[PDB]
Every structure is written in structure tokens, then in C-alpha cells.
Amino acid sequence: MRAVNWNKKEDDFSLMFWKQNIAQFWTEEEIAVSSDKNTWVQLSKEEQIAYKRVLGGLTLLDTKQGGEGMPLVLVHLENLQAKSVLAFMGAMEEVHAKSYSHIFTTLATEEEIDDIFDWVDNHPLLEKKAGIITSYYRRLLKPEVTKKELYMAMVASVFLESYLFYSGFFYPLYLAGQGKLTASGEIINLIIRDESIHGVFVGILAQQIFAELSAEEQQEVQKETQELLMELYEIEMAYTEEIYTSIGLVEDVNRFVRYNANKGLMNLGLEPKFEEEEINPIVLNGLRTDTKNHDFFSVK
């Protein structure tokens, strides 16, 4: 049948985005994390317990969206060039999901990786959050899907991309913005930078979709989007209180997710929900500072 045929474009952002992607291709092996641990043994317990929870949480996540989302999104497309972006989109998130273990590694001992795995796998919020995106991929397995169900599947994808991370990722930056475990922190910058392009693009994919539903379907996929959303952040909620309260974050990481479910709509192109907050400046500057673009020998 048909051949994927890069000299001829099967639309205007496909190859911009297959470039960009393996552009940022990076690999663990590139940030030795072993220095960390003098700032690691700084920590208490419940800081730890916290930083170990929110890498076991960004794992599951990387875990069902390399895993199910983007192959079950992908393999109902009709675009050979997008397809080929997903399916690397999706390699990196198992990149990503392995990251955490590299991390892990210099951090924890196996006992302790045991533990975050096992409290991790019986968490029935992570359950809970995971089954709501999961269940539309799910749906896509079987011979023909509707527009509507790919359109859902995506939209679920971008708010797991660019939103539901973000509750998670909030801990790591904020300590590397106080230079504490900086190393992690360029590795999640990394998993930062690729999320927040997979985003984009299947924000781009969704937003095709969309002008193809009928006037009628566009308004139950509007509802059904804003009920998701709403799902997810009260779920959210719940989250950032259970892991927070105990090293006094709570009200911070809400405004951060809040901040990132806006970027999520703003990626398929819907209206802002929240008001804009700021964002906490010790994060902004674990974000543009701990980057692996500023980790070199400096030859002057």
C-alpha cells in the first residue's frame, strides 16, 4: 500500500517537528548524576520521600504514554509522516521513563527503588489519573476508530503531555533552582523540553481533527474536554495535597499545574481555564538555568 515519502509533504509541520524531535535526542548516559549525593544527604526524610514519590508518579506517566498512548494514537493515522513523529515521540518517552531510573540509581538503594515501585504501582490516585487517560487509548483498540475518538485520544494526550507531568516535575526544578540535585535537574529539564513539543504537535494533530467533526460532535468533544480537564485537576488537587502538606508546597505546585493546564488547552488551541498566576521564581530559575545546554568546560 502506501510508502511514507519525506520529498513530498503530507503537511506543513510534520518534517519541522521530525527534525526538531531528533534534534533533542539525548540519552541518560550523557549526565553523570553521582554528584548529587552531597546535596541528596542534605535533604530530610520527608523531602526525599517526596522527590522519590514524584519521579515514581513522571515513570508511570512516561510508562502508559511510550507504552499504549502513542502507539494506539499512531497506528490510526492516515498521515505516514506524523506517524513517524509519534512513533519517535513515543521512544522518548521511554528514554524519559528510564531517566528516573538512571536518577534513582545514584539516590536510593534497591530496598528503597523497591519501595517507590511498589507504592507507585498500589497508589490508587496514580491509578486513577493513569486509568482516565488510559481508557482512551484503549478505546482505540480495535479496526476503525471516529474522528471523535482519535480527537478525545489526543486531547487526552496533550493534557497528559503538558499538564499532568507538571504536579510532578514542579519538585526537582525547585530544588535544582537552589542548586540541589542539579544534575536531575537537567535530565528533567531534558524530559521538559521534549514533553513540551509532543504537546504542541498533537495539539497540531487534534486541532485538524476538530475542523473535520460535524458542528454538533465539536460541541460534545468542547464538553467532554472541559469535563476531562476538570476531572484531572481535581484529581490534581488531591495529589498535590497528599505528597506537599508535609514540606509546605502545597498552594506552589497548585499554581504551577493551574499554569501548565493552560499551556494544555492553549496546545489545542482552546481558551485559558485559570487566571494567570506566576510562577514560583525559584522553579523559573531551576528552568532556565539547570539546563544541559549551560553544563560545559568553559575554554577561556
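Residue numbers count along the first chain shown, from 1. Take the two forms, find the largest set of C-alpha atoms that superpose within 1.5 Å, and that set is the rigid core. What changes on going to the form solved in complex with the partner chain:
Comparing the forms between the two forms, the C-alpha position of residue 289 differs by 2 angstroms or more, with the core used for superposition.
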Given for the second form:
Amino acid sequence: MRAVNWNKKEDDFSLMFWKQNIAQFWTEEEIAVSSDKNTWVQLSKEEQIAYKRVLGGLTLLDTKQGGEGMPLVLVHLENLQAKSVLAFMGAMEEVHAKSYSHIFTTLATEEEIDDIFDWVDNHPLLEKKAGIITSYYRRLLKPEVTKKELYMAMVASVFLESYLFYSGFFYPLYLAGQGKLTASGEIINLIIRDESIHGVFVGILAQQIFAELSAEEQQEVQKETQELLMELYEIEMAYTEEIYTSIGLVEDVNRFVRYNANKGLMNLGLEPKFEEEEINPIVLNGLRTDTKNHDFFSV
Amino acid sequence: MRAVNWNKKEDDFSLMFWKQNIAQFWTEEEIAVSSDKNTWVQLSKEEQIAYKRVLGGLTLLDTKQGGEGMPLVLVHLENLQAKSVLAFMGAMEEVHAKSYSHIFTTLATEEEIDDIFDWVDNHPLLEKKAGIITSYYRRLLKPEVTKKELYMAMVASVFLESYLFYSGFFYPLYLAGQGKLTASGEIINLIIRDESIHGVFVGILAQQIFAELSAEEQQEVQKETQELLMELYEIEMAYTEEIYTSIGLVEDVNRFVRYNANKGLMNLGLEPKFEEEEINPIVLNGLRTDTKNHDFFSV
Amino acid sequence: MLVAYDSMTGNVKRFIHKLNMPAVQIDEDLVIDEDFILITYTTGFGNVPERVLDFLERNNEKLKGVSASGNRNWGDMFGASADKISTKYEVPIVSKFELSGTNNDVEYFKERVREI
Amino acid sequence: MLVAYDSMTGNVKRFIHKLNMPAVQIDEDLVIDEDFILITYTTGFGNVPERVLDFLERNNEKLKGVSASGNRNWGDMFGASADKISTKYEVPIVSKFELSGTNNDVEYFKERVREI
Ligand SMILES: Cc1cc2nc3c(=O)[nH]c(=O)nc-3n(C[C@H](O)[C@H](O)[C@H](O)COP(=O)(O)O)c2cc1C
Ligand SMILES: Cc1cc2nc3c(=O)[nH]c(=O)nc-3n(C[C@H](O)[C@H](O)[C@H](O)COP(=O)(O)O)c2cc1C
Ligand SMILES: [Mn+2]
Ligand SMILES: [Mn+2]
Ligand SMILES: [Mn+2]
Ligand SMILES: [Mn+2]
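Form solved in complex with the partner chain, following the form solved without the partner chain:
Below is the entire complex, every chain and molecule, led by the chain shown above.
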């Protein structure tokens, strides 16, 4: 049986990603969020509800990625160095999911928190959204998988990392771009910094597998990738309609969803499918935070 | 679908282990090992060969634990907080495996390193040792597992964490207890600090499952646990015979193996099966290092 | 002499049953008004469980000695919960043992407490 | 004007093909002795790929401007490989674009290089 040997490269990318993972290491105790209370009480009821609902949705998605996505993909990789990178990315998915609870503890009482999570557990749209992604993962719960099954799991994973998170990331960035809930925004920005490189990495691996597929299987996965993209888009539009109608932001979030869907496609080496539009400038301002500069290796 | 909620305890232990995992975080760049060259050239040929061979064996075991052990157990846990802890432990298994290459780079040329790993890949005793442990893991590659299958995977994992590593850990500790290869010994001590809490954690989880088993299944897993213990002991004695005969340390390592086998049993809540003997005092001295004091949360 | 103890994963509890001495598990309300020996387990980096610390804050007048369960894998932090208690309250360290203890740990303990 | 570029995951390479301009991928030996525009991607924390740095050490006399591909997810570190090159060698930033660029990124670039 093979042991992992880092003195002999298995690929051109894994070492670069391994080191970047660790340079980006962080934990929720580095960011006190209590000072956000001052702006949180200035939001309306409907704004507070949307903020809690999107955080619950993000928690669910990170839960599935750390607990199913990363482990089930990595167990079937033969590249021991890439497997290592995915194991660390999987651990950071759990740091992310836990960091949302750090935010909830400041903004809500414990009875309000239980209500949010009961709402998440029983929401039919989240159940279908998460169900579609994880069905590609659960197909990998068997000893032998085909390269086509593994490719489609990586596509599903890229679509989660680079695309499905962003209908939820939108609102913390929008508020932080206006000077509201900026501590929580700093945590969301650290999460995004991680997910950005997660999506790139899995997309690289998917492109390597795509090249091993037969001409017939390449056409099959190309068709299914386009169908999956559009199936998830239909769900995202219903989701944004439900979350953001009360606060008049639906068209803004939909634009932001298409913008990140295009980035997810490019992570896979594919051409964009949605028209090019400019990122919302307030969201762009919420992406500007000094905490994203922190390199674990310098201090 | 459930998302993980850290504001509501799922058990009495997971939060304590989560925080300890992170407080113990480290990476190989924190320990320069180049100064070990001065003592490495003072070892005989047979001592150098045994040191490289045990490190290769450890690399294989950490490879399987990070890439099969942790992921396959954690995917079937329903406790979302415990699942989180295992995902982080799995990431640290990959930090451990990589740290061995950091050591090899200082002590050996790249052609010597390739020989060690070819030796590891094709060694029949390591193949059987690793094969026995991972057969319990691979049984979990299916959508539905029984509690008996999950219990036995956790037993196999505890036996790896608390017992099978230690025929390899022995020699770096023995040398470092004599002032030889002390930088590499500091890395081995950080690894041991992690594996110590890994074994405790998985043993707690196994004890919770054991209590859910029927009276008949409890008797069945108790018998199979004893057989597995003794089957692995037979293999370890052949392994120590092959590694340590040339340097006259076989009886010392065998004593150390039984001593840690007893700790592994106790991690599972079971009584010791080997006679109580004192730990080798030179090994004990190799366990005394100041770097084990480092808490990520203080600085 | 009374034995007061705390345990999280059962090792100290199982050691207690080897002693055949009167023993009670501590909680936050517990008031001992007789001489006693404390046995504690050791938490990360050689520390004392917070419940033991809070217990001693109210009961340290009757404390006659301390033993600690630990794991020698922790090097110089093996059983160092006893070191901190011993210096903070100026009582002897009775002993240190690993996990549930060996039968030599048991006889050493009993012989040590008769010495006190 | 020549376009010299480097790419790791293909985004800059794909942007190059949109330009319909003469372009060459840099390596460590490459010597350009004509005016050129550099397009680089951005590495962690807003940095310049080491191969681009080594290339510029020998070729900075002919450098007329720099564009950077990046990801706005990096906030103020978006495309900051251009900032470092622009200040180190006192050449203008031609532009910054995300991944493979938009068609507006292409026309902006071409119009910017005609300005130089
Ligand atoms: C998170 C954790 C940290 C530990 N830290 C130490 C330590 O620093 N020093 C030590 O000697 N033992 C340490 N131990 C070992 C425990 O003290 C030992 O297992 C003891 O028997 C536990 O007692 P209990 O089963 O009664 O709870 C640690 C165990 C855990 C789980
Ligand atoms: C590890 C890593 C770190 C990155 N860091 C940054 C960054 O700090 N700033 C930025 O704007 N883009 C950053 N990026 C994004 C890349 O610059 C972007 O994807 C670019 O299009 C890659 O170009 P290429 O495909 O030609 O290699 C990073 C990408 C990776 C993989
Ligand atoms: Mn995440
Ligand atoms: Mn991710
Ligand atoms: Mn390990
Ligand atoms: Mn381990």
C-alpha cells in the first residue's frame, strides 16, 4: 500500500494549495462580534429575519460540505497529495459552520436560535437544494466508483463552493458594505477567502478527470453539467424570492447569483452562461476588509 | 436536513475536544530539523536503516487514518458536533504524514527516500497490518451501516491511534531520550500529543455506541475485540522482530507495545490484558520536550 | 480519611473502586468538613478541571494531599494538576498514576495516605 | 506591442486568446528585446508569481505596462500583483480583470494599450 511522499510531486498544484490552506488558517475566537449589537438593533424586523435565515442556510451547506462533500470525494482519489488538501479543506468547512454559531450567540437568544435551526431543518427549498448536491456525493458510498461519477461529484462540489453559497453571502456583505454588522462581515470574508480557493482546487481536479474520460462520456457529463447548473438556478430564484422579497433586494441578489455562477463555470474550465454585469458596488465594499490580510505564517 | 448548532450541546464532550484540537494546532515549518544532521551521522548504518524504516511505517499508518479512517467513520455519525471533531482530527493526520517528509528531506537524499517508500509499499507485513485495520473501514463504504459495524471500526481506529503507532514511535523517542535527533523527536512528540487525544475521543464514541447494542451484539463485539487485539499483537511481534533485531532492542519495544495496548483497551473502557511493567526510562526522557507546551490560543 | 474525586471519562472513577476506601464524587455544592485526599484527572497542558478548582475554593481547609491521574504521553505535563494544587495550597503530592492506575499505583497510594 | 504573460490554471491564457495580439508565455530563459505589456495572475495575499518576478529581473527595461488577472473575492488584494509591479518598475497599471475577463475587459485593455 502507498504512503504519501511529499518529496516527489504527484501533481503541479497540491503543494501550492496545501501551503495556502494553512497560511489562511483561522478560528472564530480571533474575531469578537459583540460590538455588532450596536448596529443590529438598528435593523428592521424583516432585515433581522433575512439575516438569520441566510446564516442558517449557510450553516446547512457548510455542514454537508464538511461532513459529506469533502470526505466522500477524497476517499476515492488516488492522488495522495490532493487527498491531503481536501482533508484540510473539509476541516475548515467545520470551522466555517461553527463560526456562524459564534455570530448567532451575539445576535439572538437561545430560543431564537433553536427556531432558526428548526426552520432550516424543515424548509422544503433548502431540503431540495441540499438534496440535489448531496445525491452526487452519496453515489460515492460504494467501494468502486467510475470516473464519470467522480467527475460529477466534483462538479456538484464546485457549484456549491463557487455558486450556491453566494445567495447567502450576499446579505452579510451588503450590510457590511454599509457599515452594518462589520464584525460578522469580517468572519464572512474569511469564509469567502477559503471557499474561493476551495472552488479553484476542486475545479482543477475535475478538469484532470475530464481529460481521462472517453469522448462519449465527455459529451454526457457536459450535458449533465449544463442541466445541473440550470436546475440549481431555478431553485436559487425561488430561494431568493422567498428570502429577499420583504426587503426589496431580489433583483440585486439574482444578479449576484449569476455573476458567481459564471465564476463557478470558469473554475471548471467552461465558458460563462450568463450575461456579464457589474458586481453590486456596496457588496464590493463589503469585501474590503483588513482582516483578510492575515497570514498565519508571518505571525 | 439538520445543520450543526453549537449553541445546543449534542453531547458532553465534543466542545472540549474541538477546542483542544485547535489549541494543539501546529505545522512542520515550526520545527527546523537541520541541526539533527550532527547526530545523524554518528549513528551506525543499522541504526539509520531502522530509523528510516519506522518513519516509513508511521507515514503509511497516518496516510490510511487521514484518508480512510477518519472520513469513513465520520460520514456515518449522526452527532454533528462529534462529526466536526473527527474532520479536524482527520486533517491533522495529514499534517502528521507530511511532517515525516520534512524529516526525511534533512536525513536522506531523494533516491534514498524513494527506496524507503518502495520498501513500505511492497512490505508484506505492513500490507497485512494496514490491511487488517482498513478492512474495518472499508465495510463502511455503503449507505447503511449497522451499529455493530460502526463500533468495530471505532475499535480498529482506537487500536491504531493508541497501540499500533507505538512500535514505530518507540525508536525516535529512544534516541531523543539520549540526546540524538532531538529536533525530529520534537515533531514526534507533537504527533503523539495529537494521537493521545485522538484515541481518547474515538474511545468515548465507541463506548456510547456499545451501550446501544443488544446484549447479544455486545457479547459478539467483545469477543471480536479480543481476537483483533491478539491478531494485531502477533503481527506487531513479527514486525518488531524484523525492524529491531539488528540493533538489539526487540524485547524493549515489545514491552512498550504491550504497555500501549493496555492504554488502548482502557480508552475503550476495557480492562488491561498485559502485565504491568514500567515504561523504559530512556523513552520516558524522550517524551520530555518543551515544545509540547505550545498552546495556539496563547500566542 | 475521605477520598474526594472527579472523573470525566471514568479512569479516576475506576481507580477509586480499587481503593476500597470511602469516596465521593465532587460537585459544585459539595461541602466536606472532614480531612480528605483529592484525586483529580489532568486537563490539557497539565491543568486542573475547573470543577475541581471551584470545589477547592470552598473546601481547601480540609485538604490533606492530592493525587492526579494523567498520561505520560504529556511529558513534563504528566499529572501536573497535582503540582498546581500542591503549590497553591501547600499540601503534599500523594502520587501520580496513568489512566486507571496499576496495582502498584494502588498500593503506593494506600501506603502514601497512611504516611500522611 | 508584444504581450508577455504567465498562467497557472488557464484563465490568463484564455484571456490572451481573446486579444488577437501577438503573445508569448514567459519561462525562466525568455529574453524579450521589444516593448511589451505584461499580464500576470495574482497569487495568495495579492502577490506576484515567482516566475514573473524572475522574468522581470532580466526584462524590466522593455516593460511598458502591466495587467493582472485576479478575483474580487480578495477585496483590496484583488489583482494587487499589478500594484507591486507598477510601483517597483514605475510603469502604469493597464487594467485589472477577474479570471478570464469580460468582453468589456478585453476592449478596455486594447483601448488602454493604444493609449500607451
Ligand atoms: C483533552 C485532554 C487533555 C489531556 N491533557 C493531559 C495533560 O496535559 N497531562 C496529563 O497527564 N494527562 C492529560 N490527559 C489525560 C487524562 O488526564 C487521563 O486520561 C485521565 O485518566 C482522565 O481521567 P478521567 O477518565 O477520570 O476523566 C488529557 C486528556 C484529554 C482528553
Ligand atoms: C492560491 C490562490 C491564491 C489567490 N490569491 C489571489 C489574490 O490574493 N488576489 C486576487 O485577486 N486573486 C487571487 N487568486 C485568483 C487568481 O489570481 C485568479 O484565479 C486568476 O485568474 C488565475 O489566473 P490563471 O488561471 O491564469 O492561473 C488566487 C488564486 C489561488 C489559486
Ligand atoms: Mn465553508
Ligand atoms: Mn469550501
Ligand atoms: Mn497521526
Ligand atoms: Mn490520530
